[PDB]
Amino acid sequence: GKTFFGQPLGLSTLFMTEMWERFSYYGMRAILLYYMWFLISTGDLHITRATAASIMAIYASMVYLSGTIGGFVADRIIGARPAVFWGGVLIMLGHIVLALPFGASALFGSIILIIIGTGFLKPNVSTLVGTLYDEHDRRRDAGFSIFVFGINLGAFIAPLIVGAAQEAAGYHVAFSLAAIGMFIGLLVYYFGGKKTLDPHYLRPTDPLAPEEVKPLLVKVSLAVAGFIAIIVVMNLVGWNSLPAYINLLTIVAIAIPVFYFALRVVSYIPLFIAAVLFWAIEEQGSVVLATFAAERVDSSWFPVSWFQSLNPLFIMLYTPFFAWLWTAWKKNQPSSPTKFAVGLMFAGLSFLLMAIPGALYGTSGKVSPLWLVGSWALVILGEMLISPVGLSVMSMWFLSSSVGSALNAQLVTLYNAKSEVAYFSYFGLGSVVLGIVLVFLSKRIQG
């Protein structure tokens, strides 16, 4: 007769579980670039800083794309509950791999492991949350809200803890901290799920029928075949540097959506571009803005990675406010494409803001941290409008995020100290201009 804030106790298991995975994940991201910069300056890794930035970006991209595969493997083959478990193990392993004395050798293994891991875990945890409520129940809206608040809790404290740890005991002890985080998540999951989750999800809910096996295999086989063929063809011509490999992945990512657009509502062709653009800016925060914090701000008294805490902090502060807004502005609303429009403008503003300090002071010194503070605040305000309503204006919503990041892999190469004021301005203005185009067509789309 004890609930977790009104909700079934099972929610608390899924809360704790997803909260530590988000911890391991955003904790790692918050120092991964800097770590990669560290490797470079010691001779162990032979890439440029720009390429490192593009590895941070494409890494994100493949995590998002993998998520769309993950629901399938769960539902037709191994079952949802074990999927989350072994996703969790694969993730724990990537982190362990980094916290060991090796160098660049490990880095690539680790990246593969977390990509496949997060692929299994991330979509299926959301699913299992749906499982807690009868499809008649209306606590479900409260439930998902709570669960999401746990996602952002973990994201928020992770840079604080891991960033500190890195400063004190170095990079390897900091990465192990993320392994342990995922481990705690696993412990709560295993034992708490035997107590609080349905055993009906120990199995795929839609097993392959006998005649379906051979087809599936033929497809997977052709897929890998051609992919291997492309890699082979690439290494003959002499296209074997890392940026060439990133370029291949950038391609694969873009193709998949394009390829699936192949006329009742072609409405979202411009809405999708809008989403895709927004995520690119938001995702640059952990790369470009991360880079700006290490180089253009005075962060001698604190761990620079602590800035990464600002993104999930504003989502939490903004959340109770906007919950109220859609009730207290109930009768006469911004339509869903007014929302995309305004959102994208605000993301555009967060970058223009960043053009100012260089325009005014030049690019040769340091500036107040608060610039970043203001930037982050503007973009999250943009996310508030886009992330909730956009969902049902579901494969594709994991996909807009992946396309956005794939694009970063190419654009963040252009950022640097001399290009600063231009980069922020072209992107910035570029985005506002597409947003105003979207308030106009906001009318014609509805259908």
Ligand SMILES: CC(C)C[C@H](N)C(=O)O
Second form
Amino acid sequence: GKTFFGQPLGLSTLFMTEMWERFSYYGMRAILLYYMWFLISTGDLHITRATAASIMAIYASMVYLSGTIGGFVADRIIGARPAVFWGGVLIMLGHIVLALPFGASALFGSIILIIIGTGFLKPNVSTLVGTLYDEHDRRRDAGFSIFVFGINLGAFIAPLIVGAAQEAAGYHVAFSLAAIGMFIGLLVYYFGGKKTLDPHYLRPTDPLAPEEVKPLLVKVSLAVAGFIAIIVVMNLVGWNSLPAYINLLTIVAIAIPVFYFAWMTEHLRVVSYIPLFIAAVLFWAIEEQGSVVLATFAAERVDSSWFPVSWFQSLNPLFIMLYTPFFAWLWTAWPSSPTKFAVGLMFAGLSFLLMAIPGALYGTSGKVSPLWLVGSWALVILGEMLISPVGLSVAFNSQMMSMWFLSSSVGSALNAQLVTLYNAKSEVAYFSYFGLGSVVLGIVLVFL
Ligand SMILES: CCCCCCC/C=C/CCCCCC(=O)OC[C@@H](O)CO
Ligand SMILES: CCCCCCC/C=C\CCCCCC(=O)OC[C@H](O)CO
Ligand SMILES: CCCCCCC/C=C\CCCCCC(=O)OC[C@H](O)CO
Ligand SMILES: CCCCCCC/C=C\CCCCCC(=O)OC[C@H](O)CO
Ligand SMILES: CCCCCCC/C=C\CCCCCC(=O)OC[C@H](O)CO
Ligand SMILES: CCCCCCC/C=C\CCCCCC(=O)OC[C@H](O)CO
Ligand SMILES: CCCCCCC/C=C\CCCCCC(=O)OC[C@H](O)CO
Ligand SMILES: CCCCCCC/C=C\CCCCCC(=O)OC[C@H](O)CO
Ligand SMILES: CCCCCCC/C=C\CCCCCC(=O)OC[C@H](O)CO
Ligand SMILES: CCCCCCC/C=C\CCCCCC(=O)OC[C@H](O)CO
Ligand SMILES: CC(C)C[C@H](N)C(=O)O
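Show the form solved in complex with this ligand, please, because up to now only the form solved without this ligand has appeared in this conversation.
What follows is the whole complex; the chain from before opens it.
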């Protein structure tokens, strides 16, 4: 019978949908920092490169934090499938805003649209994949690996296409390609979804009961009021700069798990997530810095004179696709969950330790071979194969899905503070210090 790589034919619709969404996101991410660099150079954007780097991180942190609202709203209010649709619409509008002939004024608007939009699409498109299988179907694990393979496939071709278009035609044309990428995703999703997806997910699966509406409304109103109240207090005492707001968003992003863990002999299990969560946060911190710190390194310290330097952002998902057939075989030919989160952290630690070598050996005033980043990403992706749901083979909801991206949000929130420490003069110290600390903790948190 007809399948998509052994999976229900509905996976391909979700496959292509998320592939084109990740295309739009990572296509934009591949040049957004360089764009901010450009806006500063022209004197249009009045921030430092350190703040611009910090923005890239807190943006990423808010993107995956936003998913928690989206997962909840779909399950209880609007539905999984309309959430994906309207999520993509906002994403597309976000990229269109950047495509418009404006400068720094369009940044915030674009960022908010994509944050909100991705919050709706990302956890729900991931949830709809599990809806293709009944409960005890062995293929479910394989279906997600294919799905993540599509995530990285879009993450691979996006910098290559968008980055090249940027260096030939300009940023606005490049950002318009990202919008088009999402537009393609909507088309395939809308028409393909009607054919392959359950109509059951056009309505919420856990609809708010009558008595539940007001408590939720009070909870939300108090949260927004308090947030606004904090903003007001900040503006009065003078804490109203851009890094000030990043600090606030950082604390909020970090306080949410702290309060979530503090919420929850069964308690020894909960305490046993604490080091696993830390290992995850630190790993995705290092991993997400590829689009910031490594992107900075690529542009400043690497000879990329015969190709767009944004193409280095294709190295991350390339290795995931390369490692995929091996690990898929490796797990069938052959480690606990805490170990994989530790060894994965050690590999990420080694990816930074390696990057300290060229500056220590050759100095930082010159340029080095692309192979250093290639090797560095090879190491960090090697550990990602131990965390990310790929290389797998032969039930839940949207909110619990979001909880998974929550460790990446804390990592980037952590990055929003840490990436400001990276520059030309601290290169060797930054890499070696944070790489060594990550290996040590990787060795500490496995025995712990
Ligand atoms: C395509 C490589 C896949 C190998 C997977 C195993 C993990 C290997 C990591 C290699 C460490 C990177 C060393 C490369 C390096 O730093 O040399 C650069 C310099 O020699 C340029 O000529
Ligand atoms: C630039 C503004 C673009 C606005 C989008 C155009 C709106 C046209 C039709 C709205 C359809 C919304 C329902 C789609 C949906 O819920 O997804 C489920 C689909 O049936 C396929 O799964
Ligand atoms: C329903 C929305 C679907 C539209 C998909 C996104 C396409 C939007 C615009 C495509 C054309 C954009 C032209 C880019 C542009 O204005 O360049 C101006 C110069 O490059 C400025 O240096
Ligand atoms: C936890 C994040 C919440 C994000 C904001 C949610 C929007 C604020 C309040 C919910 C809007 C009202 C719900 C609409 C609704 O479906 O009520 C109908 C119920 O079925 C009544 O039985
Ligand atoms: C900015 C914070 C305040 C945001 C308030 C947004 C809340 C929006 C609507 C909440 C009002 C209650 C809606 C109830 C509702 O629509 O129920 C539908 C009925 O079931 C109709 O059959
Ligand atoms: C979800 C719980 C939130 C609890 C945190 C309470 C708010 C505490 C501090 C306000 C946010 C930080 C303001 C920005 C700041 O740190 O100073 C700004 C810079 O130092 C000035 O350039
Ligand atoms: C089947 C893999 C297809 C290959 C696609 C990978 C291309 C994506 C990004 C290119 C990153 C730049 C790598 C350049 C490189 O490794 O050359 C190093 C040479 O030693 C140059 O001195
Ligand atoms: C197994 C994968 C590769 C692991 C790399 C292990 C190398 C560990 C540390 C390399 C960085 C050593 C720092 C050298 C250093 O600090 O020099 C100081 C500067 O030259 C300025 O004085
Ligand atoms: C489970 C796979 C683990 C793979 C680790 C094996 C890699 C071990 C050490 C790589 C260290 C890279 C340093 C290379 C180096 O310093 O050469 C300098 C330049 O090549 C000069 O031409
Ligand atoms: C330029 C590529 C865009 C073309 C549309 C996407 C279709 C192309 C390739 C589909 C590749 C599917 C590979 C799935 C895969 O290998 O992972 C499954 C393994 O079992 C992982 O455990
Ligand atoms: C934090 C990671 C799990 C995110 C992944 N690279 C994705 O785009 O889905």
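Heads up, when I say rigid core I mean the largest set of C-alphas that superpose within 1.5 Å between the two forms. Positions refer to the first chain, counted from 1.
Asks: Fit the core first: which of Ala52, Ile31, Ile386, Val379 then shifts its CA by 2 Å or more between the two forms?
Replies: Shifted by 2 Å or more: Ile386 only.
Asks: Does superposing the core leave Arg296 with a CA shift of 2 Å or more between the two forms?
Replies: No; that C-alpha moves by less than 2 Å between the two forms.
Asks: Taking the rigid core as the reference frame, tell me whether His136 has a CA displacement of 2 angstroms or more between the two forms.
Replies: Comparing forms between the two forms, the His136 CA shifts at least 2 Å.
Asks: After aligning on the rigid core, report the distance the C-alpha of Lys195 travels between the two forms, in angstrom.
Replies: So the C-alpha of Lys195 has moved 1.5 Å between the two forms.
Asks: Core superposed, what is the CA shift for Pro8 between the two forms, in angstrom?
Replies: C-alpha shift for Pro8: 2.3 Å.
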